[PDB]
Every structure is written in structure tokens, then in C-alpha cells.
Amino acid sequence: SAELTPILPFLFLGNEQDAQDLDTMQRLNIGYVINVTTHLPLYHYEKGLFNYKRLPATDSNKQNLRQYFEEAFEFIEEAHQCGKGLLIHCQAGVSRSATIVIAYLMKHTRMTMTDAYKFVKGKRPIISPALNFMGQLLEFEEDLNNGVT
């Protein structure tokens, strides 16, 4: 499988196996986890090492992920303002979780959607957001550029 991907020093985009790797997470000072699926476990939850957030998306071509952007970004920013890293993952780290990361970069570093996509794709060549997620990213780009959330 692909390696866990540092996106920023406090933001890592990875897969379900990355989400089980306690050693790495503690090494990277990761205190927060976003699990972008409805059905995977919150790995290591009972250890009470991390602050977890489930974004219970299905990988269906109807899924709305825009719905979760605001809340995802608040949790990343909570991790950042307190000096910890955040791991965000789905099963493989290719579509659902990669879309949130791209959206966070468009919002919090004002990258265009193309530039944010190429930024993530350069660091994690695995990514391939589903077309309906690509559609939601373009609409979020319009919304960001007029002041509509």
C-alpha cells in the first residue's frame, strides 16, 4: 500500500492501515483522527489516545461530502491551534478523505481547486476523487470565490 502522506506538518492523509499504526501516530505527534467512512472502526479508540471524528460518508456516487467540510476543517484547526497533528483517512486514502483534504487546502491556503488537487496528487499520487466529489470541489471553489461559505 501507499505510505501515509504528510500534507502539512500537522495534517496527514492516509488509509485504514495508517489509522491502526499507533507507533507512527505518536511519533508524528498526531492527536486527532478523522475517519471518513460510516463503517470502519475508530481504531485504538478504547485506548483514549486520540480525539476522533467520524464523517460517516458512503462511497456512493450520490454522497454529499460538502456537508462535512465545515466540521472537518474545524477539527483540523482545533488540532493545529493546539500543536498536534491530525490523521485523516478512509479505506485507501484515495477519494473520500482526499476530497476533504483538497477542500481544506482550497479554504485554508486559498489554493485554486486545480492547484490544491495537484498539491495533493504530487504528494500522494494514489488519489483519485470520484467524479461527483470532483463536482462538489468545483462548486465549493465557486462558493469560496464569491463569499458563499
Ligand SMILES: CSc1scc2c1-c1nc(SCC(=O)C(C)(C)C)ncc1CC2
The other form holds:
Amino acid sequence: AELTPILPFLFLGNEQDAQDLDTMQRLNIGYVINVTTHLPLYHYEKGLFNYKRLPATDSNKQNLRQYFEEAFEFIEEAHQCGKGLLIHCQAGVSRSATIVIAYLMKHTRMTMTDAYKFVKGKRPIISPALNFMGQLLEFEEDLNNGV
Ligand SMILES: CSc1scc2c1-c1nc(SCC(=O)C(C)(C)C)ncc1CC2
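Next, give the form deposited with this ligand bound, keeping in mind that what was shown is the form solved without this ligand.
Shown next: the complete complex, the earlier chain at its head.
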């Protein structure tokens, strides 16, 4: 089990990490973002967390930018209510790390590169995806130009 803490209230993991109900509970997690389409929402039957599925695939054509602000609003719900969010996808953490970096660019004032470094220092293995890097570049331009 390896639930990396990015911020005190924001956690990053893969499929295997999201199946530990005992560690999720120890970290005061009450929100879960599942950035896959086929995986189950783990522990939905226990009525312990609030969930959100961003239905995405690890494809070169997948748009994750459409989901950014739907996520940012679910993250800020947790930030305010005093609970933790787990954004998880699959082994490479390509999709979930993309959203994590995006939030750190809009709500922390970081640049894309500083965000990537911040996140790689805590979870050292984030496998690459050129499709998502391009979307972050566009997002960085949109924020500096007030959009
Ligand atoms: C937006 S990434 C970025 S910004 C500056 C650099 C990089 C980078 N990223 C990656 S892996 C991509 C990731 O982590 C996901 C996109 C899947 C979240 N390999 C190499 C580099 C070179 C240096």
C-alpha cells in the first residue's frame, strides 16, 4: 500500500491502493475520484465515502481537460469539510497525476514544471503520456491569459 500524500488533504494512488479501506480510513478520506471507466468504485457498498468517476481511458485521444473543473470542485468540497480525497487510476498514475498537477497549477500558483517536480518527489513513478502533457501546456496558457 502506497497512498502518496500530495497535500494534507489530497492523495494519489492506483487501483491497488484504492482497495485498502483500513488505510483510507486512517488518512481521514471521505472522497474518491476514480479516473477510469471499467474499474469498480471500491467500497461503495459500505456507505463510507462520496465518489466521482471521471470516465477516462489511457489513450492518446482521451481528453482529460473536460473533467478538470468537475474535479477541482469535488476537491474543494473535501478541502472545506475537513476530509481527504483520493484520486486514483491505474498502475502508471498517468491520468490521476494529470488531474493532480492541474489542480496544483490553478489553486497553488505553480507552473506546470514546478508542479510536475513537486509531484514526482513524493510519488517517484509516474509513467509518461504525451497526450496529457500537451493538455497541461494548453491549460497553463489559459490561466496566464485569464481564462
Ligand atoms: C506535464 S509533464 C512534464 S513538465 C516538464 C517535464 C515533464 C515530463 N513529464 C514526463 S511524464 C508525464 C506525466 O507525469 C503525466 C503527464 C502523465 C502526468 N516525463 C518527462 C518530462 C520532462 C520534463
